[PDB]
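What follows is one chain in structure tokens, specifically the form deposited without the partner chain.
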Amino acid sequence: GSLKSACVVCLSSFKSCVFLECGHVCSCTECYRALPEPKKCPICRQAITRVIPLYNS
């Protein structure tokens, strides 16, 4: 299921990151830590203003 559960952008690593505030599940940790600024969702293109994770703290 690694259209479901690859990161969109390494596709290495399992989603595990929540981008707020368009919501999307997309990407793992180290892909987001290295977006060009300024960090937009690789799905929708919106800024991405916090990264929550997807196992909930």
The other form holds:
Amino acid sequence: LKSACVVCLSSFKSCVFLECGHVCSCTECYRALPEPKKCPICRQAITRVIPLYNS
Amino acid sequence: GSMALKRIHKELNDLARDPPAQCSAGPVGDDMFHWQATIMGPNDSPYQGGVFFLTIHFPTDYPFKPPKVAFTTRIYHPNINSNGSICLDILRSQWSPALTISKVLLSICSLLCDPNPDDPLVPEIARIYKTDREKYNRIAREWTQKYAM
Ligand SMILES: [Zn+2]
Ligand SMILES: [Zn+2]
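Form deposited without the partner chain done; form solved in complex with the partner chain now:
Everything in the complex follows now, all chains and molecules, and the chain you saw is the first one.
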């Protein structure tokens, strides 16, 4: 249907990273990201996460 | 088991259904953390008709850390070592979990098409690459002929 989480390739993208604005990850993998959490696409610091009421 | 292993397996499935253009990869035996890749030489390069082999070592913490990729086939290139070691940004500091082996191979092909002499891995080949482009192309073709094909 849609693209899968860019990190695990097994789940639907379920949230948005701020401030870069990428929708690329699922919640769990986001938690898996090592601190300091950086966007898997542009490596900018993730300062806020806003869930997608999708999937 | 690990997240890296599941990542490598889903990545293997994506490669067995959507293989990258002019590229392929897979497990050397039963180990999932040791792969072999094949890049057929790009047409926008003195590396044409040549088939180049690479080795791939995945880290225990793989998607969060870059894969160690090296050439098996000898090659005449400014950013490629005699040890088959590759000088590529996305394999070092520009790495990110988004990147995949598909994207890495495609990037290496792009690196064969258009080298970066400003950050050379073989100083002399880089110097020839930006003084005598004919000599570079020529030798590259020859090395493509005695090792690749
Ligand atoms: Zn995920
Ligand atoms: Zn981003």
